[PDB]
Amino acid sequence: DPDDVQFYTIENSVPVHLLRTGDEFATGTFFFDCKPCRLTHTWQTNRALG
Amino acid sequence: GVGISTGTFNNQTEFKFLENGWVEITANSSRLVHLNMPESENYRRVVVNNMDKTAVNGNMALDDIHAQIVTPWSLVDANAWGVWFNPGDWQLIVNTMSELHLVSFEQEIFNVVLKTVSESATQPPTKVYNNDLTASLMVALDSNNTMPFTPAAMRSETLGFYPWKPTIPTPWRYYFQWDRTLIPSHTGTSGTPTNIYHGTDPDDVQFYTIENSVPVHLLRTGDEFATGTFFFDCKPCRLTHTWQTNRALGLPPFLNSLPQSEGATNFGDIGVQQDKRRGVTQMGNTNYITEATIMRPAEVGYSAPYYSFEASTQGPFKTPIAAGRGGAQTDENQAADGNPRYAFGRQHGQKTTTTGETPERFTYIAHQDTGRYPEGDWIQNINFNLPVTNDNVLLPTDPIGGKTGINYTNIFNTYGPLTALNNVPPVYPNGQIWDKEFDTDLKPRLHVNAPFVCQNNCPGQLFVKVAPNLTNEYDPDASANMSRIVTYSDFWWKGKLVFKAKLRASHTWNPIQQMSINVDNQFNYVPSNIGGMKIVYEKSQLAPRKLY
Amino acid sequence: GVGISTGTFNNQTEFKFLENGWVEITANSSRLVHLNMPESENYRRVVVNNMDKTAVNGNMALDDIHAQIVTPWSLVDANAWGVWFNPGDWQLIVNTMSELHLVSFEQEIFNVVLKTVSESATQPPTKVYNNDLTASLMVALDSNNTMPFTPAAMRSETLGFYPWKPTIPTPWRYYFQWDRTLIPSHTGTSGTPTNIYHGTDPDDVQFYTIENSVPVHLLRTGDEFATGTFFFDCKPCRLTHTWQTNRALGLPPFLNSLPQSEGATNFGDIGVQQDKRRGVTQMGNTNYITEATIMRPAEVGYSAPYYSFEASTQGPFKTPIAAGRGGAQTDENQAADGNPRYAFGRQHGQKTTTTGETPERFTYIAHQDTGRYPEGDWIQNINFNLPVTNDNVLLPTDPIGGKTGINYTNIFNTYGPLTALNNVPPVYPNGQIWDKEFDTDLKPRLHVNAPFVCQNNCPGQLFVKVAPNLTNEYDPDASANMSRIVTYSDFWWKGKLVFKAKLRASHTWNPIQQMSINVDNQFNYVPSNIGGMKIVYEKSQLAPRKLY
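Protein chains in written order, with the deposited numbering: chain A, 237 to 286; chain A', 37 to 584; chain A'', 37 to 584. A prime marks a further copy of an entry chain.
Here chain A stands alone, though its shape is the one from the complex:
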């Protein structure tokens, strides 16, 4: 579907870095936004409530 068409190129969208031996690159620190993950499992079924 022509209205669903999206051709993306890296070159046109992100700044590109050329690194030679002497160079290096570093992303800085990114902080996430996420609810915590539980490390425990539950075992109670409707049959075991109350």
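These are computed hints drawn from the structure, not numbers from a lab. Just so it is clear, CB atoms sit at the ideal spot from N, CA and C, and this is done for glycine as well. Any given hint might turn out to be false.
Heads up, simulated DSS-like pairs for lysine-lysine below, C-alpha to C-alpha not over 27 Å straight-line [what the hints assert, rightly or not]: (1) A':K582 <-> A'':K52; (2) A':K582 <-> A':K538; (3) A':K582 <-> A:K271; (4) A'':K52 <-> A':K271; (5) A':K151 <-> A':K163; (6) A:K271 <-> A':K271; (7) A':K582 <-> A':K271.
Residues from chain A that keep clear of chain A'', each with C-beta distances beyond 12 Å, as calculated [to be verified]: (8) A262; (9) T263; (10) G264; (11) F267; (12) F268; (13) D269; (14) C270; (15) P272; (16) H277; (17) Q280; (18) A284.
Since the structure of chain A is already known, use the hints to place chains A' and A'' on it.
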């Protein structure tokens, strides 16, 4: 005063660009409203019983039985896109903005006029129109939103869409509780299914009057009225559509062989045995990793029962769906459920000069691919032995209940904790703009009739009425009907809707889909030699957006 | 240094909305340029004589005789739309802005590399590529604009249009004065018309060298170069077209009779005898006031001689015209003069994967109706007796000079003090962006090749060259040819063009013409399975503007 105008006409929409690509659209709309005295000056409690029509087995969906309160007041409703923007403005919004924010609303009544028709029943019976200088128009703004909410757009009863054409308000009426029972049947259902209108549960009874609830304003020519500014509370509306299906989420398979030559048949090829590939699935008992099989993060869209009528305390009703289909498979011919259909008149799009009383209509096929092709669906036994065997598959083709025109997709529902969907797109010009949330403990995730639902606060409705213009004879204790001087009023209504939009940015190499005039639609945007006008509907989330 | 990059790749175009609907577009373009050592290390003075071809009577327009100076330097030219914007960006500009302002330009050379090809003439003769770490690239920026201006876009010799495809600069050459005489003739012209290349007027001689005029920079890997920011001086470019002809200026005639019914034949009618109407004309001896006759304020467009070759000191040349035609009458078939034609290669639009050396081409038919249908023209004797008599009319049909394929329109010129025209519209992507004004006392009102002419100051040209990589043997007094080590260089070029645009506003009820992708053009904006790419040209003043 008598010879002094109390207002200004303004139907100019202003676009004021701010910083960081934010525009502030302020839509001005002005109309001349014509209003007649009421049929009666009473509240009427009426029942509609078309039992005769449902009396035919197989016609239940034709049910119209209801009770309602008929009031001597008229409703001034301006909540439909067509009231505020023209084809020109819509193009601007839709082609260049990426999100819409409804900010506020204001309306005012000015340049009120009341005349009285006097008939000089002559040879050729004549009638003289005279100004009633001391007569009053009655205005009531239910700002505490006391009265039940009745969006006139679901009946194509809003103000009209053209600034140079006078309009009229609608007679205000609201639903009154009733109890009705209707058992479905079909062509050749022996007997007569119960079809009963039981009446009213007394504990569900609520009779409302304007007079007892809202402060009423009497305006004479010299007067004017203005609502102040109401601010809405609503999440923004996106002006872009999504196109990615579960089938298009994430990393595609790495192709071990790429076309060497151009050619519509020169495909590339994954190079690995479907039962020898790496990756994740949720088919614990299979080694086949295919695009239909590989794991996706959640599900875009859901399956819901189709042409499903449900029944509660007051008759059957159609089960609503958040998105229909259309595209590769549905056009007008590949007709489905979920797509809305709009019927309307000369004041809202039907060609002006057209003679004939058939409404003008259209089925809206959005652009966000979030629906379903039920025909492509299949259930299959968990053993997953593959060229599946007729009795380890349920196809949209096998009949359910032994009905040959019913399959499991009509009763199917795949909504669940992984469902992702989008709110409804705007329908220009016949669609409603905002809607009142339900005062229900748990609320609906969306409304299929307006992209904007105001939660905590909505503008109240505006009611208008010619006050009673009595004659010399008037006896309140007569069981007769009050006799009035034939009075009518014309007033100017001016409304102001403000939006906030954000400008779109290109992100792909390729161009976007834009609304544009062309040799085939051109004549839909200009008058006829007769001055006939029409307002063809348009789509709104033309550009794509990535879902993930 | 050796292991240190001296630059950054950037091909991102930013759109930054300001106040009051002004955007500031800043186009970043980055390419990898490949460059070879020069054929020779000398300036060469060469003449091109295709006398043999013009030797055929009736072929004068096929003339190519010229003299030029061939230089050991290459030109880095980035002045073509396609270098800075993609189909995506163009859509944004063109559909939503109403005027364009070219503000500045900057370019820089980084990450220079020089290698030397060493051939190990083996069985299968081999060649090793090695880095020449101490070798230098030579850069010269003629910022005082000393050298003669040579826009590489008139030869489709600009940097290429795709950021992921390496490119190359063009060998710089410039015109050297010559004197030539060619007498026109035709098929069957008895004899041999003089066709002489006389040589050079000594007082018109100007031999220029880069070395003697611009400061030259030697850059080694560790080096980098950057032009600073140059600001242009140019009137804004309109992104809208005009459509009104002399025939559509001002108050139309009042119609005394209007259609009563809709119908493509239900016309309205002026109700007054053409010789009995009021109004103004410039036909002092007539009482007929018609739409072709009534007075207009000035003239929109002008008539100029067509397929007119003029001759001066150096051969014949085509007379240029400010606008061609096309529309109601001209399409590819209704082919005319004034419309430009573009021929180009794989680096600038011709499909990448296409085999074959025929250039890719296109004739640009603008959208501003400011041209002429010479076929509709007529001269008529001043007595104005009306059904004009064959000898009181000169029709585009009667022959001039007794030639049957020539009429007065081919020699006609109606340019004068009432002429109103518009500058040339932008041609994406093959068109040139800016041009240098002529250092002439009186200047041209426009340039038919670029919408932007910088008067007082233009950015200077950028010249590049591999410096000589000599071998052990080198004798400056030998009449031979200097022997060099086969060296070549690759460097990254980064340019930055800034524009200022204004956002458009709707002013009509009806929508505008917008650029949009569709099922027929869609595949022109995405790669092939082969990775073939193409860049179809587009139009730019899509929306209308009122002239008066």
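### List of violated hint numbers, smallest to largest
Violated: none.
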